[PDB]
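**Student:** Chain by chain, the residues run as shown.
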Amino acid sequence: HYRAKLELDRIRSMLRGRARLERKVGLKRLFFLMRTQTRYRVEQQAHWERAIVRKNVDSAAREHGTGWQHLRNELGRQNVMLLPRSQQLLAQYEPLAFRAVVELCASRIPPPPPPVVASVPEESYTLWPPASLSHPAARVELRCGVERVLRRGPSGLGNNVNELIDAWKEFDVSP
Amino acid sequence: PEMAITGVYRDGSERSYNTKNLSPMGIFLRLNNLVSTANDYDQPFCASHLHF
Amino acid sequence: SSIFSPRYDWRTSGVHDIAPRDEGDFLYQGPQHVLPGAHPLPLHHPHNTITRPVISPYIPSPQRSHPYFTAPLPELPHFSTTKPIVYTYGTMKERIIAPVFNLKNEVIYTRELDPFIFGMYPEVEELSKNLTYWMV
Amino acid sequence: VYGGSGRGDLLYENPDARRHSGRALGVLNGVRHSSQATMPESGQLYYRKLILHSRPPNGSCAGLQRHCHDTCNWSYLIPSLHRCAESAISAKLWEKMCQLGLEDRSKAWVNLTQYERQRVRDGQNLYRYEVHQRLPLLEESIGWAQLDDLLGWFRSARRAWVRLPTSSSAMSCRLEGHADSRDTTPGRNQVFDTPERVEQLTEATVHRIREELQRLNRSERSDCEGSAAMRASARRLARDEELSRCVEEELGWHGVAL
Amino acid sequence: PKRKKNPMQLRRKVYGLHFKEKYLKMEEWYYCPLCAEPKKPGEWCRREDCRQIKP
Amino acid sequence: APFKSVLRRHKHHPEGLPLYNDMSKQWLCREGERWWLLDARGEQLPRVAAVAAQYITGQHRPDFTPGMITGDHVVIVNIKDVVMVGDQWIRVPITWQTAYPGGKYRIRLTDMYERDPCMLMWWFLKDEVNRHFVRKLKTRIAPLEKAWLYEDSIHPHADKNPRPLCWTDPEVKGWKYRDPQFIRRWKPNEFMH
RNA sequence: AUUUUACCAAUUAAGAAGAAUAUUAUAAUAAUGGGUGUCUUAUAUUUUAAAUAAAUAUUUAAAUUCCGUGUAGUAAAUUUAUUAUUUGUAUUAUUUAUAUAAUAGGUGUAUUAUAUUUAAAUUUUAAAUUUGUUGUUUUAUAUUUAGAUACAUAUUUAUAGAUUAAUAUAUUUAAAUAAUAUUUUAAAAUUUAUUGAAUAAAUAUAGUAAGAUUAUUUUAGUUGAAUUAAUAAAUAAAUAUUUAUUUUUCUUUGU
Ligand SMILES: [Mg+2]
Ligand SMILES: [Mg+2]
Ligand SMILES: [Mg+2]
Ligand SMILES: [Mg+2]
Ligand SMILES: [Mg+2]
Ligand SMILES: [Mg+2]
Ligand SMILES: [Zn+2]
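Top line first, the protein sequences correspond to chains C, X, Z, S, H and B.
Taking this note's numbering, the leading residue of the first sequence gets 374, the next gets one more, and so forth.
Taking this note's numbering, the leading residue of the second sequence gets 16, the next gets one more, and so forth.
Taking this note's numbering, the leading residue of the third sequence gets 31, the next gets one more, and so forth.
Taking this note's numbering, the leading residue of the fourth sequence gets 6, the next gets one more, and so forth.
Taking this note's numbering, the leading residue of the fifth sequence gets 40, the next gets one more, and so forth.
Taking this note's numbering, the leading residue of the sixth sequence gets 1324, the next gets one more, and so forth.
Just so you know, the hints here were simulated from the structure itself, not pulled from any lab data.
One or more of the hints may lead you astray.
[Claimed, not checked] Capping the alpha-carbon separation at 30 Å, the derived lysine-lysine pairs in DSBU-like fashion look like this: (1) B:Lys-1403 x B:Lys-1496; (2) C:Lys-428 x B:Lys-1348; (3) H:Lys-79 x H:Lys-64; (4) C:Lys-397 x C:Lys-378; (5) C:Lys-401 x C:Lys-378; (6) B:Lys-1348 x B:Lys-1427; (7) H:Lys-52 x B:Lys-1461; (8) B:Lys-1483 x H:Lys-44; (9) H:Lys-44 x C:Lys-401; (10) B:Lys-1483 x B:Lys-1327; (11) B:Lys-1449 x C:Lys-397; (12) H:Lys-61 x H:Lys-79; (13) C:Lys-378 x H:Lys-79; (14) H:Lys-52 x B:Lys-1327; (15) C:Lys-428 x B:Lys-1496; (16) H:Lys-61 x B:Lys-1327; (17) B:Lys-1483 x C:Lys-428; (18) C:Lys-397 x H:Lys-44; (19) C:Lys-428 x B:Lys-1449; (20) Z:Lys-113 x Z:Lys-134; (21) B:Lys-1496 x B:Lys-1334; (22) C:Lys-401 x B:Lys-1327; (23) C:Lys-378 x H:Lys-61; (24) H:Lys-79 x H:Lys-44; (25) B:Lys-1449 x H:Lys-44; (26) B:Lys-1459 x C:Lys-428; (27) H:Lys-61 x H:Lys-43; (28) H:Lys-64 x H:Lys-44.
With the hints as constraints, model all of the structure from the sequences given.
**Tutor:** Written as structure tokens, this is what we have:
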């Protein structure tokens, strides 16, 4: 049996009275305290914390005219994906933003469509070679890739796509 | 020699690690932990402590 | 304490004095600085040549099988082994000649050893058996 | 810094190291969280503050309801240095050194034994250490010092055989050590220019001795003018003469001239 | 059923008035005008002066 | 270690019990305190008690913290005209226990109403509060003092200007009804094509 | 006109020859009962007998026999011998005290849920016995200190069948020759003596009642089965330690 004695000896100053004066009583008290605190943190703390945050968000929504039920359902529908912690943070520190979220949920704005399944380009069915050129599907994939490259932030590569695709022609030395 | 490494920071704080019969790889790891931490505070990791 | 133990690193300050000594403490200059005792291999006994002098023709090197001679020196009398040389299962399979010394710290001549006696390559199991029997 | 060693304490205790204990540290007095056991995070300011302020008052801490000794007084700091010099160098060795110096001008040291040489060196070292310790309190008390102790400031140095610097001599150089490794943490009163601060302190105390002598002379002259008669006490006359001769000789020994 | 009592139960007695008025309480005294001694009002000295007149 | 002194206040003690409206504790805020008016004409007792408690305990605030006991002052008016559905004023029991043996007092809602109409509202507020705060005497007593009950319509709280709090009961619901039949309006283009 | 609320806190350096011809084995050479503050004589100062005892023994066969309680000279006077205070503190190891104490005048609270300081949220302590696994039984004031014994291993000299009841028969492959020990406290009065129910021996033994049995952070199988006294019938099952079978298949499977 490994009784946590040498570790819990240093926390006896937090206790009072006989538990702090004597050793074994304080060690038993600290052992029981740590065990019950671990049990509560594992199996019962999250329930109370999430209930508190849910009640705060529900009160913030009721001050605007809705409830936690409808707000949560419409957030899931509109696919906003905001955790209750973030909802509470917005309700407490960004009331205008939270009110705008509520107005979005209340309005008849079309929610985004489901993600489109990855399709195959029409050129993949073309005979190649038809009889030193690139595959048409591969060229279209490269064009879409360069488009996505230029779409993310501003960079010195330029907005045009043909000149950036034809970089191997530039790197090629004229024989 | 005291089998321990000490880190003295730019605010007088001192952080010591025990390296008795500890491999040099572990010694290097503890030294990098020393140079990585600032040793200016100690706060838990919770939803209320995410933002300082 | 144990390495994987919570009691191992609860002494987080005070073990060292912030102020260093003025006679023996020094700063690390850089990679070209030769630290006293620094060695990549773990040497619990860091004894070197000067502190623990070795007496042999050559310093034991990975190129040389044994630090002693391999062929009789033409300027020193060579004495063959009293009994003929046989190479057994554990012998070094190489000729070993030791430079016999005199009481005046001068090499007198060179005498060949026996690989069965001084060529049986050591083994930790047998060394540990001997040591354990002696200490018990 | 509160419990271990104060500002003018000659003691040296590492506040985080329990080197004055006959038992392993079982209970930690200053504890804020249950996680302070397996990793007390000591050395951080916000926790070592709690620990060192929960520590009890020691003999030098002078707890609140208990009386606190007068330490910042020049009239106490000077006899401290004098008693340290007497504890370092005995009277017989002091007389032998004085005779040897007045006879050979620091040239016949061969008569002294190696043990006596080492005693003199250790005494000079301890005097330098205690001067480095008392330097802040001395610079604090230089304002309201008295002439007797201002002269004892040089008397103690002469007795300890330490020539004070002026812009043997042991206060001329600093302790060797690279500035990148020397201790510089705040909260610990440690001067870094000892030959530069003690020299200006000697200049200031010379000016203060001159001011005190002039104040005594002016007070005597004003008293004589108020009495409208030249009737001086024999005690006061003898005291003035002997103090003038003493300050002259003891400042000439160190090398300072008014 | 009797058991050891914690230090808190040992300090409950000083909260009552019975403990305060018994042990820790000061006196109302003055100086005997005839003996120059501390004297409580009501109790006198053996001397002839203190018996005839009450100091 | 925290320590609560045994020498606490008592009802027989001459110092008496305090008013949380007058206290100045740390966990008691008074800046964000609004005054609401709640008319109880027709509204049922448990519903009006829940609506009042949700504003008393400060649960309607987004920054509500269980420790900090902050809330709004609700002034309930026309408690004498409160309405409960039939047979409840006679059947609903209110019981309690006293220190004497066999002292199990059991009174009807009618009896408590003819004694004092405010007692019913106070009892239901106590129940709605103890539903969530029963552990700490502070958290279960301090909210109740923020309710200002008044039997008749008159009240001295005219300076605070109580706002007429509006609240909707969770009972309102429209059961499906028959689709009404009406004549259809046609269109010339529809008749053409 | 006097005039500082109640409650709430802490073990640490140790001053001193107040630590040694010190404890326990170890000496193979002496020995007529030791009694100093002692001290006349002894019809009054006598203990002896062919056995297992202050003398103590290098093996596993066979064999009497209704649990085989078992091994013989290695040398014939040969060097396994009952040793002891100093010509090494005898040497070599091992162990060792229970006298002496200034420490803080207030961090959480003040109408009552029990340490982590933003106030809430959490609980009644452990170890054994109860197999109908409890609400049954028993123990624990605290501090310090004693307290319990199956060898996790095998390097060249080197060489290892069986089988009939027996006389016999022998055409089949290996091997790291090493033994010594095996919880603790107790559950009972008979024994062997002595002195007028006590005294001193017996780890004697109880098919054996009951309890205690010192060492965290770990890395792989079954959670109610099995149950045939006794001529030629494939096989008891669980638990645990080591250890072995890579065959097909649409995925899976602790045999
Ligand atoms: Mg969790
Ligand atoms: Mg307090
Ligand atoms: Mg002692
Ligand atoms: Mg003999
Ligand atoms: Mg023990
Ligand atoms: Mg198995
Ligand atoms: Zn009198």
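**Student:** Does each hint hold? Answer for all of them.
**Tutor:** Okay, the hints, checked on the actual structure:
1. Of the pairs offered as hints, the one joining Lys-1403 of chain B and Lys-1496 of chain B holds, with about 28 Å between alpha carbons and a cut-off of 30 Å not exceeded.
2. Between the alpha carbons of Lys-428 of chain C and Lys-1348 of chain B the distance comes to roughly 25 Å, so the proposed pair stays at or under 30 Å and holds.
3. At roughly 14 Å between alpha-carbon atoms, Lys-79 of chain H and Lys-64 of chain H fall within 30 Å of each other, so this suggested pair holds.
4. The hinted pair formed by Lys-397 of chain C and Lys-378 of chain C meets the criterion: a straight-line CA distance of about 9 Å does not exceed 30 Å.
5. Restraint check for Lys-401 of chain C and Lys-378 of chain C: satisfied, since their Cα atoms lie roughly 9 Å apart, inside the 30 Å limit.
6. Among the hinted pairs, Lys-1348 of chain B with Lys-1427 of chain B is inconsistent with the structure: their alpha-carbon atoms are about 37 Å apart, more than 30 Å.
7. A distance of roughly 28 Å separates the Cα atoms of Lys-52 of chain H and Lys-1461 of chain B; the hinted pair therefore holds under the 30 Å criterion.
8. A threshold of 30 Å between alpha carbons decides the hint, and for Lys-1483 of chain B with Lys-44 of chain H the separation of about 55 Å lies outside it, so the pair is violated.
9. Of the supplied pair hints, the one linking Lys-44 of chain H and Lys-401 of chain C holds, its CA atoms being roughly 18 Å apart against a limit of 30 Å.
10. For the suggested pair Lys-1483 of chain B and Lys-1327 of chain B, the alpha carbons sit about 37 Å apart, so the restraint of at most 30 Å is broken.
11. In summary, the hint linking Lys-1449 of chain B to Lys-397 of chain C is not supported, as the alpha carbons are separated by about 44 Å, beyond the 30 Å threshold.
12. Among the hinted pairs, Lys-61 of chain H with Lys-79 of chain H is consistent with the structure: their alpha-carbon atoms are about 18 Å apart, no more than 30 Å.
13. Taken as a hint, the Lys-378 of chain C and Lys-79 of chain H pair is broken in the structure, with Cα atoms around 59 Å apart against an allowance of 30 Å.
14. Simply put, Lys-52 of chain H and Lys-1327 of chain B have alpha-carbon atoms about 17 Å apart, close enough for the 30 Å limit, and the pair holds.
15. Straight-line distance between C-alpha atoms of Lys-428 of chain C and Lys-1496 of chain B comes to about 24 Å, which keeps the hinted pair within the 30 Å bound.
16. For a cut-off of 30 Å, the pair hint linking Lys-61 of chain H to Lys-1327 of chain B stands: about 27 Å separates their Cα positions.
17. Distance hint between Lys-1483 of chain B and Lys-428 of chain C is fulfilled; the C-alpha atoms sit about 29 Å from each other, no more than 30 Å.
18. At most 30 Å may separate the alpha-carbon atoms for a hinted pair to count; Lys-397 of chain C and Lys-44 of chain H meet this at roughly 16 Å.
19. Taken as a hint, the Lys-428 of chain C and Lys-1449 of chain B pair is honoured in the structure, with Cα atoms around 21 Å apart against an allowance of 30 Å.
20. With a C-alpha separation of about 28 Å, the suggested pair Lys-113 of chain Z and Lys-134 of chain Z falls inside the 30 Å cut-off, and the hint holds.
21. Pair hint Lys-1496 of chain B plus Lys-1334 of chain B does not hold up; C-alpha atoms about 49 Å apart against a cutoff of 30 Å.
22. About 22 Å separates the Cα atoms of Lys-401 of chain C and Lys-1327 of chain B, which keeps this hinted pair within 30 Å; it holds.
23. Distance check on the hinted pair: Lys-378 of chain C and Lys-61 of chain H sit about 44 Å apart at the alpha-carbon level, beyond 30 Å; violated.
24. Distance hint between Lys-79 of chain H and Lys-44 of chain H is unfulfilled; the C-alpha atoms sit about 40 Å from each other, more than 30 Å.
25. A distance of roughly 38 Å separates the Cα atoms of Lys-1449 of chain B and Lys-44 of chain H; the hinted pair therefore is violated under the 30 Å criterion.
26. With a C-alpha separation of about 20 Å, the suggested pair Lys-1459 of chain B and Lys-428 of chain C falls inside the 30 Å cut-off, and the hint holds.
27. A C-alpha spacing of about 26 Å is found between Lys-61 of chain H and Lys-43 of chain H, which places the hinted pair at or below 30 Å, so the restraint holds.
28. Between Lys-64 of chain H and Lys-44 of chain H the CA atoms are separated by roughly 27 Å; this keeps the pair inside 30 Å, and the hint holds.
When each numbered hint is compared with the structure, violations occur for hints 6, 8, 10, 11, 13, 21, 23, 24 and 25.
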